[PDB]
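J.: Go by the hints and put chains F and D onto chain E.
Here's the letter readout for the chains.
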Amino acid sequence: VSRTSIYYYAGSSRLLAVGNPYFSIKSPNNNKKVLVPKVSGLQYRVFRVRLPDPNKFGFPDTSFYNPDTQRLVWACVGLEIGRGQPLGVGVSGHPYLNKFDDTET
Amino acid sequence: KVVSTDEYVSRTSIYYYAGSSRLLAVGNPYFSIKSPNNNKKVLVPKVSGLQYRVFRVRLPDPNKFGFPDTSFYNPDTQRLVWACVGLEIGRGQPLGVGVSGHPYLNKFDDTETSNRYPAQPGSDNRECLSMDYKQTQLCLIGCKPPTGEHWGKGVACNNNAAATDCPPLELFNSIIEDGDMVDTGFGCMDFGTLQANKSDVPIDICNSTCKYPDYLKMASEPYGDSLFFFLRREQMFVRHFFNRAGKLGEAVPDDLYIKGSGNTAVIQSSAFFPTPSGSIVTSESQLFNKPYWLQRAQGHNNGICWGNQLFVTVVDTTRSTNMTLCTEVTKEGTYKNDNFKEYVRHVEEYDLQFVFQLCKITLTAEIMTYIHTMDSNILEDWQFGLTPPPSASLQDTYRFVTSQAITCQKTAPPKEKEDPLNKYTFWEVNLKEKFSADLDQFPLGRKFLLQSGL
Amino acid sequence: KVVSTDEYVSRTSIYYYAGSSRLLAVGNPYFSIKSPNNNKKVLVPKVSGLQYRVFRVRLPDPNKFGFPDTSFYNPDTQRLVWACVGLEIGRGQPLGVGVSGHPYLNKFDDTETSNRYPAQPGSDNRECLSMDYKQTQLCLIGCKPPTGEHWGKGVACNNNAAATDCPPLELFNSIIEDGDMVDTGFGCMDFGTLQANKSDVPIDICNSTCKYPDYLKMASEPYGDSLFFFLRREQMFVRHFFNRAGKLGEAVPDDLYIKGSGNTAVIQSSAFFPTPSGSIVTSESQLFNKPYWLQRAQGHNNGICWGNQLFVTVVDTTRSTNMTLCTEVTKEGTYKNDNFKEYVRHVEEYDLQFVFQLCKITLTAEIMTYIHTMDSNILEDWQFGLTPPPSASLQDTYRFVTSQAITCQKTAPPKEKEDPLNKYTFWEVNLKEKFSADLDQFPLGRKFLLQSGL
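Chains as they are written, first to last, in the authors' numbering: chain E, 28 to 132; chain F, 20 to 473; chain D, 20 to 473.
Treat the hints with care, since some could be wrong.
Claimed, not checked - Examples of chain F residues lying across from chain D (beta carbon under 7 Å, computed):
| no. | residue |
| --- | --- |
| 1 | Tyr34 |
| 2 | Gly404 |
| 3 | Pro407 |
| 4 | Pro408 |
| 5 | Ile425 |
| 6 | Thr426 |
Just so you know, these hints were derived from the structure itself, not from any lab.
Even for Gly, the Cβ is constructed at its ideal location relative to N, Cα and C.
With the rest of the complex left out, here is chain E:
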């Protein structure tokens, strides 16, 4: 794979999500429609990004690349995963935890 000297910044709008921290609430009565989705501070966020295919950009330049043989693929030489909310922790428990006795002292 040979590299060139063409670069391309890409962006992303400030995407966010608001919900209930413990359990999702499905709707009365239908169980296929959600009302407040379960979001938290523990779940694996997995962002899946898409790219635009570089074979459909360039109007044809035979000196640059010959489309009978070569093709084009991207790379990656940077990242910055910004975060916005102010710092702080949070808790969660049970109304019915199984704790028989204390045993520390």
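T.: Below, chains F and D alone, put in the same frame as chain E:
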């Protein structure tokens, strides 16, 4: 002062093909139907052959199509804008003409061979009577939607008021929507507001107004936005003649005849009207399935499509045989009337093909202020002059967009797009994905490479 | 195409130290006491540790200066603008952290060791509690006041569905005026509108709108002139845990716990909230009392301050002690409890040094368009773009003005209304009459000459 477009638009040699995969339309040929619970819910739309099936297309902006190759063009001095050098309006449905009507048409009597005196009086004499159209075909391009004329009611001055009861008339101009009606041979006026009887036009135009283009107004513009290339062909001939029933407005003067006596003493009516009827169709006089090549347009905007859209308005009444259906209620051994329900349908297939061309303009002092005259909006979306800065500031989107009780945004837009065509409807076809820099693997690629000698 | 600020200005080499006095502020840390007789007579203002101290310096203009060596400022087309190259924000109080706490906090139970069934009912269980806050330090500098997000209410929806009853949530971009309480670990939400009993957050917060400075947007502004330089450091950790006392609205689904009987026939709440607390606050992790030489700001605005102002925002929490005074009424010889009356007071103390540098701005026909489209107010102060006022000879002058041929004369236009920023209470420092040119007689010019290779 106005100049033609070959003086600031240059041309080059990077052609491109577009494909616009096979479109269809199915519906009732007569009207539409709604739900009894909600009349704002459509069930089957009205699609017949007699409607201006105007398609506006979308183009990819030619500034995304690019690399940092600057020796070709420098992107703070130049810009890029497309061109149209081909067309093929294909229709893949076999021929034949369908006939319409209205179940309660006004008809006093016939007037062909015998009107024996006197006439038979009656209160209602509305009958069912089927009646065809005027066969016509046309095609038209444009970077702006095509205008159109029709006869409309105006406001009347009420000063003299000596002896008239007929209200006078006025000419309008508008912009043609898809689903607008075409001429049938009965003038070009309103058919909901000037007709109290509701019973003189077949049911397709019993409520709507029909429009007909005028080639005078659009061509006489400075730039000729509404035309690139247009055709026209129609033919009709009268077959039967009748007269209206009812109280005619103004009687004829008495001295232009002799006062009859007896059964001819009472005057008859005279409000004659014909029927339009189509001749033979062929397959030698079809305006479709053949590639036009715009060598030179008629107006001034010769090829340039400003703002990356262009409008194609097609109409045909030779591929409109009313598809007829039927079903079953109960079974028998013998025949019965009431074992069947029947239905009518119509389908009208299409295709569009295009071959485009890359054309860069330069942008210096007097050309910047010439394009800043014809319209203003075509120098905002080029983003050349930084008159809006603030587009680079990021806006927040949302995960879980619909039905959450979080704060809702269900199409309450604070003017993002502001296209002035938003008020009108248009059959749309997107092309944002389907270019190709290679021609000969496609149909019009091969017809173009033979015609150019390449 | 925005361009950075080293391709249309040019630095001269004469430096001007400045420096403010020793600011103070003495007040109440919780609430601002008004007059009983009048709503608008403050006695002691509300100053605490937990606020955004936002100063506004106002530099004296460089064009009103008089120099003999007029070899640099050719007054034909040029102007002068101030650059900033140094800073130091003093503080003047010992290390000590103070607490806050409501008298009617919503602390029903405790949930760390043992919450033994059954619950103890009663229709009132509020009590007084207190906690330390999330300690933090930050510092900004910019030529436009800095923005900041916070969560609040919104338009709910239309009334189609009937799911449940719940408030929405929406965030807002505003401008941080002085006086807004910083967040402290209870989220950046508006406690004035979202909450209703006003008894969950401590008293100095429960009727504010706590913000948090949006570093995510202010970094990505196009011109980049609200963020020259910013530092931050904060830390917190939980101390105890409790839970509120009400009907938990979004109820617990039954599949996530197996039911019981007998003593456990009442199901308690899962509405938890932590209580934050600061760690040790050392003096190796301080941020102030040091110089900060700007070398390359993150924006395109490399230190130029248009309009001759800066906004420095400082929030500290390491020095937020609360001194308590105690005075009595009757000279007694034994101890009582109604004999004394105590008032609590909190102080504050600042300082600012600066070191500027003037740089001339050569103004051809290109650059005057550039500085125009940023905002028009910049090119109005320099008096480079003005308009011709017409008129010529009026008619209005009488001899006597208080008579009986009266035209009822009207005067005093409010025409010097131009400042948009009158809607906000800042802190003022007038630095117009305290400049200098000999740096080395001043407690930061010595630290600048050793650094800069001189």
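J.: Look at each hint and say if it fits the structure.
T.: Hints, one by one, checked against the model:
A distance limit of 7 Å between C-beta atoms decides the matter here; for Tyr34/F the minimum to chain D is near 31 Å, and the interface restraint is violated. Interface hint at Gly404/F: violated, since its Cβ lies 9 Å from the closest Cβ of chain D, which is beyond the 7 Å cut-off. Restraint check, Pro407/F versus chain D: the minimum CB separation of about 10 Å is more than 7 Å; hint violated. Below 7 Å, beta-carbon pairs count as interface contacts, and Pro408/F has one with chain D at about 6 Å; its hint therefore holds.
Of the supplied interface hints, the one on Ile425/F holds, with its beta-carbon coming within about 6 Å of a beta-carbon of chain D, less than 7 Å. Because the closest C-beta pair between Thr426/F and chain D is about 4 Å apart, less than 7 Å, the hint holds.
Hint violations for this structure: numbers 1, 2 and 3, all remaining hints satisfied.
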